[PDB]
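Required output: the full structure, derived from the provided sequences and hints.
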Amino acid sequence: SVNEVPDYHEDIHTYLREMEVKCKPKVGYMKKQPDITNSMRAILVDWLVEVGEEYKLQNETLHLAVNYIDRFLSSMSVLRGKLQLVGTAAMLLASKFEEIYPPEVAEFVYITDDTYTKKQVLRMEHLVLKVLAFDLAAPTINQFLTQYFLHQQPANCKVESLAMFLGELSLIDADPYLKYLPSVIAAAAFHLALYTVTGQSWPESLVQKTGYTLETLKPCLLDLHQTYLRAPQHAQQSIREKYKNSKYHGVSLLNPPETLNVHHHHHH
Amino acid sequence: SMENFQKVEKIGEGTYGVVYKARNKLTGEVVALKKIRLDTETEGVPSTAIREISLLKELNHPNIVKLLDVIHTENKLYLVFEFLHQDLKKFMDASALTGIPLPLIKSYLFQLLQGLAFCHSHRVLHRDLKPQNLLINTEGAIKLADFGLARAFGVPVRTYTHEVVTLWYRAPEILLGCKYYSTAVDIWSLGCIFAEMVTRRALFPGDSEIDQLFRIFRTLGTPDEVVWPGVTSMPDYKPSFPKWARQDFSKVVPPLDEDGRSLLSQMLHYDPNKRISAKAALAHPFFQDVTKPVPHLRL
Ligand SMILES: CC[C@H](CO)Nc1nc(NCc2ccc(-c3ccccn3)cc2)c2ncn(C(C)C)c2n1
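One line per chain: the protein sequences are D and C, in this order. Note that the deposited numbering has the first sequence beginning at 171, numbered continuously upward. Note that the deposited numbering has the second sequence beginning at 0, numbered continuously upward.
Derived from the structure by calculation, the hints contain no laboratory data. Accuracy of the hints is not assured; some may be wrong.
[To be verified] Pairs of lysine-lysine, DSS-like flavour, derived with a Cα cap of 27 Å:
1. 226(D) x 178(C)
2. 300(D) x 75(C)
3. 250(C) x 88(C)
4. 288(D) x 75(C)
5. 252(D) x 328(D)
6. 20(C) x 300(D)
7. 194(D) x 56(C)
8. 300(D) x 250(C)
9. 379(D) x 9(C)
10. 300(D) x 34(C)
11. 196(D) x 56(C)
12. 250(C) x 192(D)
13. 65(C) x 192(D)
14. 288(D) x 34(C)
15. 65(C) x 194(D)
16. 252(D) x 75(C)
17. 300(D) x 24(C)
18. 194(D) x 388(D)
19. 300(D) x 56(C)
20. 178(C) x 412(D)
21. 178(C) x 328(D)
22. 291(C) x 88(C)
23. 289(D) x 34(C)
24. 88(C) x 65(C)
25. 178(C) x 417(D)
26. 65(C) x 289(D)
27. 379(D) x 278(C)
28. 9(C) x 88(C)
29. 300(D) x 273(C)
30. 178(C) x 65(C)
If you want it as structure tokens, here you go:
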């Protein structure tokens with residue numbers, strides 16, 4: 171009903187597609203960062219996932235944080251010892267933007283275990299706002315996933331919580347997911363969820379809402395599938411720990427599919 | 000920083016920060032400055048500013064107030080806005096005895112709807128459409144101001160802050176205590192405003208959460224499963240409420256005609272799902288004759 175906004179869902183979908191492009195971090199930014207690596211970014215995101223749990227924050231909040239962190243590191247060089255500080259202020263800002271009850275600064279300080287002073291956190295906040303020019307309403311995979319769920323027939327929440335898990339996983343690995351847009355990652359995450367639990371595919375109704383064929387999403391599907399398979403062996407485990415509990419239907423305990431099927435797109 | 004802005008006078012305080020009227024010394028432009036202090040203390044930049052800025056940058060529209068600049072010192076934070084000459088209530092009061100010529104009521108509604116449909120089309124709820132937040136210029140334009148209480152929503156929505164909207168313009172679903180509310184809550188508010196321009200008194204000038212509900216019921220009737228499914232399942236709802244029959248609309252929106260009353264009712268529907276959309280309200284026959292008049296006296 172009006173909570174699915176029947177009169178505006180198109181204008182919204184179009185617009186976020188328009189905005190996801192404009193909010194996309196520069197694809198190969200870590201290579202220009204002298205002191206930090208994609209592995210170090212992998213370590214910081216995981217921490218944020220953990221932070222999101224300690225304070226029962228919206229998954230949405232997590233997703234915006236990573237967006238701010240990514241765009242920040244696209245412009246500003248950051249020493250390893252300060253990476254946590256970027257993250258904290260981002261997590262702080264995304265909280266302020268998205269949470270009904272965002273945690274206080276004191277609490278944000280207290281979790282770095284006094285690596286940084288309150289003064290420093292508030293100052294980084296400002297710096298991040300400057301660097302982003304206050305453009306904090308960035309589209310996330312979540313905002314697309316939520317929209318994609320209304321096409322389900324019928325609505326299955328093992329499918330829902332799995333896609334969440336999968337979309338969340340992609341936040342850990344800059345390589346390769348930086349070359350993918352939120353609408354695309356969400357399209358694969360939803361399809362991969364809708365295959366592991368049910369055996370259905372990326373529904374026709376969405377082919378014409380998005381424009382995404384199962385063909386165009388093939389590159390991203392492969393990477394996701396690979397990441398999904400490699401998940402128990404991945405260094406960062408917080409997301410898997412997160413999605414074990416009854417809340418998200420314990421989807422990270424499920425066994426990923428072996429193959430996915432798929433058409434040879436090119437015919438010789 | 001503000002070395003190029005001379006403060007003329009203070010104009011108000013509504014929501015976060017204080018607003019000054021200022022003049023750009025170099026360009027000659029008259030502007031409105033929103034100023035935030037810090038200290039604060041704190042906690043950093045307020046979620047309300049963060050929200051207003053981010054959204055208001057995305058939102059360029061003839062019927063949404065224009066944010067011109069952000070001056071971002073360590074100590075103060077300035078928001079530079081276009082200056083509008085007065086708020087709608089002010090205005091509505093000035094015309095307490097004379098009234099507002101239909102064309103004009105019609106124009107102001109149309110524009111507020113155009114503006115609000117843009118908001119929703121871009122996944123923004125204002126959540127504070129009191130007539131102090133609707134600003135008018137001398138050329139007959141009206142604009143949505145103060146997005147301090149705004150938010151960007153997901154599709155579908157989720158539970159957002161309960162403590163929301165000025166009591167008078169606050170939709171029943173929020174009053175009742177539902178876990179979800181959407182675009183319609185903004186429409187309810189414009190509905191109340193629509194009436195407020197017509198009769199120049201608040202439609203539901205309630206003095207508390209329960210009394211507000213009481214007044215809404217006094218005027219629109221006490222709702223049940225037929226008109227709005229599930230109302231009895233709602234949290235802060237009570238069966239011990241009296242049962243009022245719906246008041247025939249001429250009492251009390253007397254001067255309003257055939258079409259306006261159709262629209263008004265549609266704007267003031269109980270069921271959030273039934274309620275008209277802004278987009279759908281723009282097509283309504285009430286607006287077929289619309290023009291852009293100039294506000295009568297020197298405002
Ligand atoms: C939103 C409500 C706000 C809070 O008080 N008031 C208000 N009024 C404006 N202009 C109408 C107005 C109101 C009062 C005076 C005034 C003038 C002198 C002394 C006291 N008040 C002047 C203009 C105006 N323009 C732009 N913005 C903002 C920055 C977007 C405005 N915000």
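Would you pick out the hints that fail for this structure and give their numbers low to high? 5, 8, 9, 12, 26, 29 and 30
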